[PDB]
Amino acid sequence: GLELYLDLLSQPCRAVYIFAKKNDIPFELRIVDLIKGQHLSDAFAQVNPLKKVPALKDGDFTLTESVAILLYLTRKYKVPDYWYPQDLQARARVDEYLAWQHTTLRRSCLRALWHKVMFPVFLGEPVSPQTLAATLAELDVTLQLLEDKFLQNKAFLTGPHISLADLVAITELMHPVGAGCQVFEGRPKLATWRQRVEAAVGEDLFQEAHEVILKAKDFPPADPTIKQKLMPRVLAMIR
């Protein structure tokens, strides 16, 4: 049957996890622990040769990329049209955001988690104060774009209802939130939007999906072995 290789630490996994639970899509949970390097192992490379999460598997069908996984689940499980509307322009707005976040907001949030908490606390590697400040400055810029280019004065990023776009954006914004960054303080429109999204998702589910990312400042250091294999993996993931 349907299997989902996830790790709620990972941003795209929370987006997929929330989408699957919210829509009651029956899947088998295969928790892949990234804090142990369980993704660089022989047992996981058989599943996904690229050694990454999220990963979907259903028989001989395998799929990577959360954007592909979400669209696939949307179509196969005939979820509500609001996730990805029939209307061509309304649907184009979801694609516009999904294509936009790869190199911008996803990149920012991920760098905020690693340059402010993961390297120093988890990897034990000090980060240049100049690199940390640049990372947070750039986080502010992408937050500003999120409001100016997408949210504007609407209830959600693509219209009056929640869509795949809102789902991917809030799991992205929870990265810096888990790192101690003041993401919504000083941004009333994004704070209003956050409450509308977790209300549409269901507080229990939203809270459940974000338990590991909020304990990020509490993970113990990684022993010399795991750290040696994750270092080049992380450095390549956050540029």
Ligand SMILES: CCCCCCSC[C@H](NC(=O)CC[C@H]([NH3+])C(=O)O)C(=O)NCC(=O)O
Second form
Number of protein chains: 2
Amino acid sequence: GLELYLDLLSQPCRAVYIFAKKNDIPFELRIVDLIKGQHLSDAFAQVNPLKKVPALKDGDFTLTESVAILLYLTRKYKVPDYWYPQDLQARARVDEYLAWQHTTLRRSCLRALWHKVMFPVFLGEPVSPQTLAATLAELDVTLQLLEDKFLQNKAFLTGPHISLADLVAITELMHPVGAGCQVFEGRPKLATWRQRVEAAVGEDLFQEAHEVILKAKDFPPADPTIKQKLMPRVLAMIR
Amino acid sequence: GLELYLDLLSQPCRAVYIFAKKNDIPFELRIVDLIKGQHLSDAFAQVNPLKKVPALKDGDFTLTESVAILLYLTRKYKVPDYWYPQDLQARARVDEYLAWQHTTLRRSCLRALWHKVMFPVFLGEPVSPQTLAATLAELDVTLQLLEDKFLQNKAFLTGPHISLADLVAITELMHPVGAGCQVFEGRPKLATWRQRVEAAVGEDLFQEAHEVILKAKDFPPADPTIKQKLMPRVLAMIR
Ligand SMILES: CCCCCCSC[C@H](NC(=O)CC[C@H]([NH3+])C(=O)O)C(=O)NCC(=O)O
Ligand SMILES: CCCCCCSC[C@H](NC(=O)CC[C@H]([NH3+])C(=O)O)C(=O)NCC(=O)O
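Requested next: the structure of the form deposited with S-hexylglutathione (GTX) bound (the form solved without S-hexylglutathione (GTX) having been shown above).
The complete assembly is shown below, putting the previous chain first.
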């Protein structure tokens, strides 16, 4: 009874989805449709009281946080070593990235998607161009840190092989890709890394997991009641 | 040997300090004085190019991020396993808290200190009552989530014993305590939990680690050159 409560629109759900499918981990997929406000229902509030996705249920055990969910599945299903290496220092490099991204690249990628596309297209709320400029400037800074602090001259973020870190980072970078931002343009080292990550994960799986975010621009505007319920949740999300 | 680059004024450094000292981990303490902008010096930039503390140095290996540092020390020095339990679901509970706090409690506790004390006292910069109110209301939301999602009816955040999760949370909560917020007042579940954490950590060590944050209201204001150097760093920290 392993169940993953996911919406492929969100960066953390894509990381969990790709991981579980790549490693042939059997699970029931429960799609929690975020644009319909399904995560705000009483039925989802029973699974996760915080009313957020991804959420994991394994028997009677409930787990939140994509980093925790990824580590739980890594250990329980005994996946290959490269995802979270046995080696003390390689493991630490994975921990370093997973910790760093929460307050930096996660935030920057999220704010890029919402200020450029999901506020004016989906919630019908225009964003000032000064706010959008500042957001994309901050995106540039985090992308530069991704290159200079993590990737540097290596094949992958923490070493010669893909790890949990590369999975979290690539699903994050696809948020502004879906928003139409020039993420990999003029960043050749990131561009070749993306292609290496796509191959390690499986290109077909990569494409499949990113079908929803790549069409975020074509979302019909929200329902006036749905917009009302989602607005404080989104404002607390974007900070 | 092992070197820990710390400033006990900051929440993540206190967590690392308390962990290394409680577990009798031999290290060389390198105080990096934030108030004097020592983290911005060319000498510290060699240790950590990101110019932030805590930073670990163990020979040719350098590590950032307090969560990564705590886990690396956990593993290398074979500390008691209650800090990071071997049981999969208990270890997940620790991972769940460590992941959650980065964008919620860490952020509120850091903003409480800066908007209530460190901007007006140390940097001579007034904060609007509206900004401070917003910050302290968000702190109350995170304190309620700490109680309702994590601590609940248990002795500690993840079960019957202390873990790395309690260490991160207690050092976070002492940031608004040092700013003069009535954190444990009217929250009896948190107040008794604090007493259990202090008892488990050892009261003398707990007090030693918190000597600087409890004196933050009395820091002499920065001169105009130090202020000018620290202001863009502080604004990137306080978004
Ligand atoms: C139509 C879009 C609705 C809102 C945007 C969804 S972004 C995804 C977001 N997920 C989280 O905030 C959990 C983050 C957590 N740190 C993790 O990694 O698991 C969520 O479900 N948040 C939902 C919410 O807070 O309302
Ligand atoms: C009085 C100076 C103001 C410093 C405020 C915060 S001190 C803590 C801060 N450290 C971090 O941002 C690292 C956080 C990281 N997520 C961790 O847990 O280690 C820092 O060294 N920041 C220094 C900087 O960014 O300049």
